[PDB]
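S.K.: Each chain, written out:
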Amino acid sequence: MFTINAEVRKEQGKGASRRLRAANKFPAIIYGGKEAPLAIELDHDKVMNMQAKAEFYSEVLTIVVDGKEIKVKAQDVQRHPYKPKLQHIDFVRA
Amino acid sequence: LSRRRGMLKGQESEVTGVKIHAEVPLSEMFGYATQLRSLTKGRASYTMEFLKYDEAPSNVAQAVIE
Amino acid sequence: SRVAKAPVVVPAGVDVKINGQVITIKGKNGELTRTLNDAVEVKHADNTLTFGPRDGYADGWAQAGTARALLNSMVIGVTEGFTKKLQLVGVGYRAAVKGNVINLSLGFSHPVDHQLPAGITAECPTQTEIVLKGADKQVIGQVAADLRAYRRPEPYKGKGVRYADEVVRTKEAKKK
Amino acid sequence: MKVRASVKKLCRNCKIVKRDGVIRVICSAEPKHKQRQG
Amino acid sequence: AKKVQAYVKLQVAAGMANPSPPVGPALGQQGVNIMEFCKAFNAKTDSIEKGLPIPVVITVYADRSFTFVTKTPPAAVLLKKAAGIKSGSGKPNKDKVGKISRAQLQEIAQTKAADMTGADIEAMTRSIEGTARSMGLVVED
Amino acid sequence: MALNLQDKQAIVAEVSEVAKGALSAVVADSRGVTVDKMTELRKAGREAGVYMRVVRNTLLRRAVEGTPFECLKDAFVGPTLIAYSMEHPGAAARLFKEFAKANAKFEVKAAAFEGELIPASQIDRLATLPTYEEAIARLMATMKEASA
RNA sequence: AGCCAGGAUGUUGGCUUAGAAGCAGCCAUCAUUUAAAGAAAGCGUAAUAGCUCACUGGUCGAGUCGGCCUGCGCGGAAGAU
Ligand SMILES: [Mg+2]
Ligand SMILES: [Mg+2]
Ligand SMILES: [Mg+2]
Ligand SMILES: [Zn+2]
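In order, the protein sequence lines correspond to chains A, B, C, D, E and F.
Going by our numbering, the first residue of the first sequence is number -12, and it counts up by one from there.
Going by our numbering, the first residue of the second sequence is number 326, and it counts up by one from there.
Going by our numbering, the first residue of the third sequence is number 3, and it counts up by one from there.
Going by our numbering, the first residue of the fourth sequence is number 26, and it counts up by one from there.
Going by our numbering, the first residue of the fifth sequence is number 13, and it counts up by one from there.
Going by our numbering, the first residue of the sixth sequence is number 17, and it counts up by one from there.
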């Protein structure tokens, strides 16, 4: 049920990633299936509130990346070393 | 009575006063009369006699050194 | 807000006389009285007064709220009049009242003789009671306050000048 | 009254007030709880 | 009784109303008459039974004499002479030690019918559950 | 408090007493002690037990939410403090009687007994009641009529 | 939030104590009567007594409560010509 709007990443690398995080965005990646991986950028406070529920990690969930619905599962999360914020997520294609 | 390093053991409520029963050490009852008076506006008899020997608290014991 | 926002009736017989920022209010008894406001906007018309913020004072509202409240007690003041009521406690504690000065005997080596201010007057049902009526709420409070001060109630036998709606401590002494 | 650097409510009746520049504690039940330099 | 005024209850005894170390003086000394609880009590004593726990209230103002009232026995105590064990633990209630009579608890509670709120006399039982799970002593229901 | 799922029960329950009831009284319990309830529960007691109520609710918002049902004579009772009393079995009975006798033992006001519904109206203490079964007052109306 | 009311019965729960009666400790924390009322959140007591709270009924009449993240500030802050 979880609907995650997103955008393809136009910039990659340590430089951009940090920039994103200054603006309450944060990078993540969709990979899996037989098709290429995809570099995503997500709105932070949103995924935070969402991932507050345990279902986030169990349920299949959907990402609307430039109007598609990719539909994936949360593989891995990077939390901040000492804050309550998210750094990065691995999404597996289901 | 408690402050005086004392153990209490009963109360009756004998008629008008209230007899209070306690085991309290000797080296500690000195000048009771004087204060018992202050605490009860002068109206308070009391009485004591020997009962037993019990261990003296350490700081007491090590003080009692001749 | 709320207190600011609530209105306030002007009971039949009262004057009111705004002039800029200077309200004045006469009623039955009471020397009228006159306050000043600042970042408040006072609005007459009607059989009421109403208070609200003036453009450009971040202090507004809080100001209006006070304003409303003050004005109010003036109305209630100059109409019904205000209370008081003190009582002495302690052996040898007299009170007299000659005209507009209370004569107290509070166990000092001299009299006291406290002169009442202006719009306030005093009586003595017993030698151990003082009720003083007046219109100006701010002052009536002050004078009782002054009167209590000559001998604030001590907490061992409660001796001294009391209010009556007071609570007064009281602790067990503990010789010695 | 106690002065301290950390002040905080003690009783359920202690109240906390900012008078002048200074933070305070007033207890209507228990004089021991008055506090300043907050 | 639509107005309380003075009441101190310190469970007395029937067979002889004339204590002295337990109660004695302390049961009557502020406008109360030690002479009349052996004239009056025992007049309401022998009709029932004697010896066992009696809380009580009296009608003394400052009017010299008085009139004595009756009451009812403690309820967790009807689990002593009306159950088994007379203490309640022995192994502090870190251990669930006691032991119950399910048959009893109703009629032995019912004996206290005149001092309870439950309309349903079965309800008056359900109260005695906690009154008798006062230790954690299970009932062989 | 509870949400709606609970403000609805206090309704569906309390209004099916009106829909399936007998008599209604009145009373304002400013000073309502607990020796108060204690007693009146034994009275409900005599008056069956738990056949009776009094569920304080005079939130118009509650025990009027049961009125535009039946007894819309109570849009007028419901203001201020109130203690609504419903009857299921029993005569249109004595319920009436002791409320006046109770509150006339000080036992707080009685709302001047704003009254209620059997008819559709207002106030006045009646024992036009629990004579009920005083059909004997129509048995004695037999032999005495036959003889005299 | 104020203000009026109530804030109860088994019952001093049990244990433990000289006394533990909602309230020193230990274990339990149910059940009644209910509109609601803890086998009790604090004051108090030698212990009871006594005063409150939680909770509910009334009044009132539209907003209100408190955590998370952040910007700038407040106290903390005493020295010698
Ligand atoms: Mg770099
Ligand atoms: Mg100052
Ligand atoms: Mg400095
Ligand atoms: Zn305090």
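Any given hint could turn out to be false.
List time: in silico DSSO-like cross-link candidates among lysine-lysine, alpha-carbon distance up to 30 Å [as the list claims (entries may be wrong)]:
#: 1; chain 1: A; residue 1: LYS21; chain 2: A; residue 2: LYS70
#: 2; chain 1: B; residue 1: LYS344; chain 2: C; residue 2: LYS161
#: 3; chain 1: C; residue 1: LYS176; chain 2: D; residue 2: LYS43
#: 4; chain 1: F; residue 1: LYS117; chain 2: F; residue 2: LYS24
#: 5; chain 1: C; residue 1: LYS30; chain 2: D; residue 2: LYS33
#: 6; chain 1: E; residue 1: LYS15; chain 2: F; residue 2: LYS117
#: 7; chain 1: E; residue 1: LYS51; chain 2: B; residue 2: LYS344
#: 8; chain 1: E; residue 1: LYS83; chain 2: F; residue 2: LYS160
#: 9; chain 1: E; residue 1: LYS124; chain 2: E; residue 2: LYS92
#: 10; chain 1: C; residue 1: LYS161; chain 2: C; residue 2: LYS177
#: 11; chain 1: C; residue 1: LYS173; chain 2: D; residue 2: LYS40
#: 12; chain 1: F; residue 1: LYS59; chain 2: F; residue 2: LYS121
#: 13; chain 1: C; residue 1: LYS87; chain 2: D; residue 2: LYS33
#: 14; chain 1: E; residue 1: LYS15; chain 2: B; residue 2: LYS344
#: 15; chain 1: B; residue 1: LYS366; chain 2: C; residue 2: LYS87
#: 16; chain 1: E; residue 1: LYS98; chain 2: B; residue 2: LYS334
Hint data in this document are derived by calculation from the structure and do not stem from the laboratory.
S.K.: For every hint, state whether the structure bears it out.
M.R.: Results for each hint:
no.: 1; hint: A/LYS21 with A/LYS70; in the structure: 36 Å, violated
no.: 2; hint: B/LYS344 with C/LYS161; in the structure: 34 Å, violated
no.: 3; hint: C/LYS176 with D/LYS43; in the structure: 36 Å, violated
no.: 4; hint: F/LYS117 with F/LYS24; in the structure: 34 Å, violated
no.: 5; hint: C/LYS30 with D/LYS33; in the structure: 49 Å, violated
no.: 6; hint: E/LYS15 with F/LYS117; in the structure: 17 Å, holds
no.: 7; hint: E/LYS51 with B/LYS344; in the structure: 29 Å, holds
no.: 8; hint: E/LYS83 with F/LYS160; in the structure: 50 Å, violated
no.: 9; hint: E/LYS124 with E/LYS92; in the structure: 15 Å, holds
no.: 10; hint: C/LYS161 with C/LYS177; in the structure: 19 Å, holds
no.: 11; hint: C/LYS173 with D/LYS40; in the structure: 23 Å, holds
no.: 12; hint: F/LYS59 with F/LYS121; in the structure: 15 Å, holds
no.: 13; hint: C/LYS87 with D/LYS33; in the structure: 36 Å, violated
no.: 14; hint: E/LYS15 with B/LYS344; in the structure: 34 Å, violated
no.: 15; hint: B/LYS366 with C/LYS87; in the structure: 35 Å, violated
no.: 16; hint: E/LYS98 with B/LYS334; in the structure: 23 Å, holds
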